[PDB]
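Enquirer: Okay, here's what each chain looks like letter by letter:
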Amino acid sequence: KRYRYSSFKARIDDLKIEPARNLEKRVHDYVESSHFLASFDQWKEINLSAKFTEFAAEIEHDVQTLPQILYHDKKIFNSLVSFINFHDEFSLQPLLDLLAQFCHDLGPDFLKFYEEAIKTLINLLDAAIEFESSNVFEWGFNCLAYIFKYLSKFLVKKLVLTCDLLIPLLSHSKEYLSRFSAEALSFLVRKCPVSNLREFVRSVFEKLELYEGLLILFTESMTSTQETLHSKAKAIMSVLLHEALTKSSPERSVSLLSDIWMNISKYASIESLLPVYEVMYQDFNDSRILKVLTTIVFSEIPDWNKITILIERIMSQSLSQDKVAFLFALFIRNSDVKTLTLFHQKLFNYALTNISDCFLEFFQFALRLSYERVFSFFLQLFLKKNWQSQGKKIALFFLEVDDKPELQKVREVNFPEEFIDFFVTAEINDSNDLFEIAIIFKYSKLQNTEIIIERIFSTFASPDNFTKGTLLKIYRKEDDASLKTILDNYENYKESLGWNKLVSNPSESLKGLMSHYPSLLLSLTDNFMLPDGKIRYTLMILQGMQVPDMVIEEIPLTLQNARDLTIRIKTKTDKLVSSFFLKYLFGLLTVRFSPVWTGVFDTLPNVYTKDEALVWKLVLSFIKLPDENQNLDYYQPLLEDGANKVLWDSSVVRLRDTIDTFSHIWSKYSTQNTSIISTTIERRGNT
Amino acid sequence: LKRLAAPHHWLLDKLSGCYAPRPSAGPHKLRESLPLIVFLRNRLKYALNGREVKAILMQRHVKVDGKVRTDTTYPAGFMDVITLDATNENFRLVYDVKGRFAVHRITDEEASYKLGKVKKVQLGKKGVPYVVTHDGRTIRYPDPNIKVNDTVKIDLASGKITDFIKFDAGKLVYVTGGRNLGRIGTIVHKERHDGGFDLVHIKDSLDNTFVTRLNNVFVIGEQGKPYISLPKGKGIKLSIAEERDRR
Amino acid sequence: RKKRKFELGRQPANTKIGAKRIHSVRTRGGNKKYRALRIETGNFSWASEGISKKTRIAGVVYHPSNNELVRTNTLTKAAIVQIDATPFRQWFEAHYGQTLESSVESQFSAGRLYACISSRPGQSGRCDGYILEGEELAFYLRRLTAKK
Amino acid sequence: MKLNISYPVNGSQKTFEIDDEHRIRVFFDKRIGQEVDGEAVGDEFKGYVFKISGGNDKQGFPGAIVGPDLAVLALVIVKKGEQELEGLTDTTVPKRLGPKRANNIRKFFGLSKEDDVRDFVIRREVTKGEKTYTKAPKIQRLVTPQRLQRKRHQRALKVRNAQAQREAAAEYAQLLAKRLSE
RNA sequence: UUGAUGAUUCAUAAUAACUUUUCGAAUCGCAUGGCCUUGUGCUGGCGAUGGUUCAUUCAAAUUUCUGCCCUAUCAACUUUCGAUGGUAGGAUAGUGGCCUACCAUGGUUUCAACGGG
RNA sequence: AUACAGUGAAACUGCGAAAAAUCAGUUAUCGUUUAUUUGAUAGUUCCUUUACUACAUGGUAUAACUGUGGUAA
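So the sequence lines, in the order shown, correspond to chains A, B, C and D. So that you can map any letter, position 321 of the first sequence is 321 in this note's numbering, and since no number is skipped, the others follow by simple counting. Converting from the second sequence to this note's numbering requires adding 1000 to each position, the first position being numbered 1. Converting from the third sequence to this note's numbering requires adding 2000 to each position, the first position being numbered 1. Converting from the fourth sequence to this note's numbering requires adding 3000 to each position, the first position being numbered 1.
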């Protein structure tokens, strides 16, 4: 199977110049002592374009005998320029190949024409963008790289002039023109010596403010060798790049050098990095170097990294530093450096945000420094750890109560001195942090409930209730006072932590008829609270709790059919709970098998057990409903950015920047602590 | 797949297997067309075998009168152009003195258009006058002085008409089909029966008053100033015996 | 496409009135035909003023090639049928202002007119007739006397 | 007698093995889809509605009156009762493939036509041993950016063709005007 | 003030309806461009399939007439169960007894109809 | 690549498997089909539409598959 019919983009992405790796091409090194006559009389016999044959009819007396080439230098170049800028698509391989062999044959006398040739072929490459045929700029970039391969001996000073001529091919806002120009310039970088290279890169760093991606492609193809190794110019190209960096450059220069280090470390990655990292560390010993350190440590040497980080931390003490410490803790394999780095980051600031980023990256170990960070001295990190995963909460349970207990008693005293929307928000900001701090807090929470007698403040009272037989009497008092899912979780915590039945019982069938809202999680928590309350004060209720807690779709359809069959074969509390959970299954609106099974089993039992009222309630729930919980103030953001545009380092920087924006400031932290939201008020347009 | 008795002005080799190519449906008839297999395989010899002809057809190198027509058995018959983009070539295929399909190498400025005899002028739909031609290009809105058995000059970028040669007594003519093939000249007599068998008689350098069927003739232009070039001395068929007597 | 055989035929459509049914039949080369079977309605048109209307056909009272088709009430081409006369009477009253030719004004108050089938609903798919008027009306009144 | 009975609500089937030749007498003279009682045919289940469809004798053949060679009898469950038989009503089988059309997945997840679904697709999981592979089927008949671009191009194609045609008609009108004038 | 044909009731347009209904794109691969009302906003190319009607093409279908052995101890054949024509219809992609009704009683032939190998 | 993306079993689909007696020609199809190829070909589908609407595009009904068997092949 051949003749694949690649697309234009397929041809270009599979295309790459590398004229040394253009393997054989023995069409011109078999020189008949003139070399232009060799390529010319080969192309006159293989290709017959109309204007190429007219070009040969204009030129043919003036091609043979290399002294008669060198005498008639102007007319042949003016004819070649006229026909190239004529640019039929069919006559572009012979003209560009003749230009390449023409520069090969002249050499040092080509320099008078060198600044016309490049801009004429640049107009040709823009015309090839319009032409849409990959062969055209295949030939064009091959002839350009041949011009570089034959004039690299004399393009020593004028690298800045050839980049001034090759700006509209590095930066064109087309993607592939950048890479195709950049690897030819990269071959020209694998050339002219180190002092000219460093002054060239110091003169080209001014063009940063698609030039960044173009220079990234140029430096990457320069340092990169053939296969699974780095080139011989890498151990000096990294030195020239790092010495043109370090505060004698622009702003995005560290980001471009970091992207170059990431691309080279992704490409070579086996043994040639052992020759690059030595010169890189020896040049980076002289001192933002944290961006280079994060680039060196992100891509998965540890002793030298530890020594350099120790020198960096000492020079800093005598953000991006938190990101570098997070990456070192996530990537290193050294126990002594890690145990020293814990105390170093403790001496550093924003330890709560660093612990949040480190737990998000890799929850490794060492939760015993956040206790000292809290004793030195909050809300949102402990809130996210409390609402975090299973092992995350099991590790945050250690330093939940092990915080600054003086500050916890201070928060308890400031909560006992009650003030009582914004005051409830201040009470919630105290309550979520002081929840991990008995009867005194319970009576103060009852006083706060009586004083507040919005739904977020109800959930804050629920958070204090989850923080809590005196507690049973306090829960009876809150029952006398009786989001809602957090309230049902608080009721489950209260029933997990007689005369109360003689006081209350009403509430059982009320919670049963309330367990039909637009949240299966709220239905599960309400059924849990009803089961615990009916226990402390049943078979179909526990079966419905099990069946409400594609194979899951068929099993849930059969299970809801079985529970409806049992309720059809068989108290008023059980009847109301079965009808409300059946309405919850018919308005779950997230599994069509269950939403068919409930509506197919409901028309067998008795009607008018609040059935027409529940159906009218479902048909009238789409009338008018919205939400507006609370608000806060505003602050600033958008800092700690060591990179912009690369591989997955950009995604990791976006994740750490979003975490720092969540835990960023006072007003941002208040809004993000308010942003912890309850179950949804949803499921419209199908009920 | 019925073959081995082809139209014998194709001149295929007889020790070339058994069969012979079947021209598909197209703008011309069966035994007065010439498919691109017979063209590119045994008429100018650019490809050896028929699947290599299929390769050069599939690779978009050949276009008959404007567009590509990637097809082996495509009956590109008389008077059209074949603009081979590579080799800079414009094959117009015209007739010869003997009965074969002679080739040209047309300039681009003449290959930009083609011509052809009409077959009828009609009113198609919604009261729209449209003409046809011999190669099926039923084109709309002519000049309504177009008569039957007349030639229009198709623009071949669009399908418009640039000019037409309103034939009458005395404007330069071509012939096609019949045993008086490849002759020019239009001025002796103009016969018109009722049911065919009639010609505008011919006058040449030797003034040979010749006739054929009126279906077997169509026009080119003015006397001495033709719209198409003609191959090998603007074919006359004087005599081969007189040619070997003189030269 | 289009072979030949020696000698056979097919079963006719020989349509009736009442319970209109249309059965499509396969035609080689386009124009898929329709046999009307027992069709009860038809398109009937005035010749002079030129107005059609779909009208419930009452019955064929004359056939010029088989008398038994009038007995079986067969709707072929070129028969003599009665229909309703009321929408043509409605257009006549509406746009002439007469509110009623002589030998059709005498048929109006009788109630049902005479018309001629021109389609072939045994093969075509529909039934049309035009109301006879003029010398056709003269010879078909003579054909009514040939009936009686 | 082998009985392959299918419970289509749970999509399962099982073969029972039945005695009772005077219930084979009941199975005789039954049309395709007649009332057959579950407790009356079976001492192992109670009170259903069974409708026959067809049966295979020896060599497996497809009037409606069955014969005595009918070893295999196919039954479907119409009206379930309560009994949890371990072969018909207990065994839950999964749906092999989920929905593929856009409005079909909108009906299957109840999705409120402003959603732009593109995330509720039913994944399936494989792993060669070290590298995981999750696979999402496709969503055809879905409003991608391509289809309305194609509809836009169709509409503009029809309008542009009509524009060029009604330009050429006016050009022929001026040509007939000048042919009148000469 | 009108197209062509040797020739039209041709081509076509309008008129008044009937449409068990026709078609008038719910499709596909590649690039992703220009704009500014930065919205998943407006537009945009190359060409694969499908469809209305006309022309051409091939393919099929009948139908015209010129043309083949030995024969009159082979001269009558055919209308039955249409054999030969008309008229209307059924039919049929279609003309046409190809069939159905009513009317007429024909047709072929000695120059070898019809039959014999 | 959290709709899929190049690879492809199987299956659905699309297309194609069509002894004046024979004939060799000749004439017409203004007495039929015109599939395939080629060239032109079409703004009109809701407006008893503001208690304003499927078109940023709506519905089934199944193969391959999964499962139960027969069977002597």
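To be clear, the hints were calculated from the coordinates, so they are not data collected in a lab. Check before you lean on any hint, since a few could be wrong.
[Stated by the list, open to error] Once the Cα atoms are required to be at most 25 Å apart in a straight line, the calculated DMTMM-like pairs of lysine to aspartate or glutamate come out as:
#1 B:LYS1067 to A:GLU300
#2 D:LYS3095 to A:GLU206
#3 D:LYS3080 to A:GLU132
#4 B:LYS1120 to B:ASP1168
#5 A:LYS570 to D:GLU3125
#6 B:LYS1160 to D:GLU3171
#7 A:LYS645 to A:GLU54
#8 D:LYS3046 to D:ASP3029
#9 B:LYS1125 to D:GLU3167
#10 A:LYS575 to D:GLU3167
#11 A:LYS51 to B:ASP1065
#12 B:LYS1063 to A:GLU116
#13 D:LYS3080 to A:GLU54
#14 B:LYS1225 to B:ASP1143
#15 D:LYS3095 to A:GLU554
#16 A:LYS51 to B:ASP1163
#17 A:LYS570 to D:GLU3171
#18 D:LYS3131 to A:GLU300
#19 D:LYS3113 to A:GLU553
#20 B:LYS1119 to D:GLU3171
#21 A:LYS191 to A:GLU116
#22 D:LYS3178 to B:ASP1108
Enquirer: Each hint should be assessed against the structure and marked as holding or not.
Expert: How the hints compare with the structure:
no., hint, result
1, B:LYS1067 to A:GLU300, "57 Å, violated"
2, D:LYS3095 to A:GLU206, "63 Å, violated"
3, D:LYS3080 to A:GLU132, "68 Å, violated"
4, B:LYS1120 to B:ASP1168, "17 Å, holds"
5, A:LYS570 to D:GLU3125, "42 Å, violated"
6, B:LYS1160 to D:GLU3171, "12 Å, holds"
7, A:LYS645 to A:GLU54, "50 Å, violated"
8, D:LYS3046 to D:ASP3029, "23 Å, holds"
9, B:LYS1125 to D:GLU3167, "17 Å, holds"
10, A:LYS575 to D:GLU3167, "77 Å, violated"
11, A:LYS51 to B:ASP1065, "22 Å, holds"
12, B:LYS1063 to A:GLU116, "37 Å, violated"
13, D:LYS3080 to A:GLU54, "92 Å, violated"
14, B:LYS1225 to B:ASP1143, "23 Å, holds"
15, D:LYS3095 to A:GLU554, "7 Å, holds"
16, A:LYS51 to B:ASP1163, "30 Å, violated"
17, A:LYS570 to D:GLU3171, "87 Å, violated"
18, D:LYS3131 to A:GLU300, "19 Å, holds"
19, D:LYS3113 to A:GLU553, "23 Å, holds"
20, B:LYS1119 to D:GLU3171, "24 Å, holds"
21, A:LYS191 to A:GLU116, "23 Å, holds"
22, D:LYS3178 to B:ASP1108, "33 Å, violated"
Against the hints set out earlier in the document, violations occur for numbers 1, 2, 3, 5, 7, 10, 12, 13, 16, 17 and 22.
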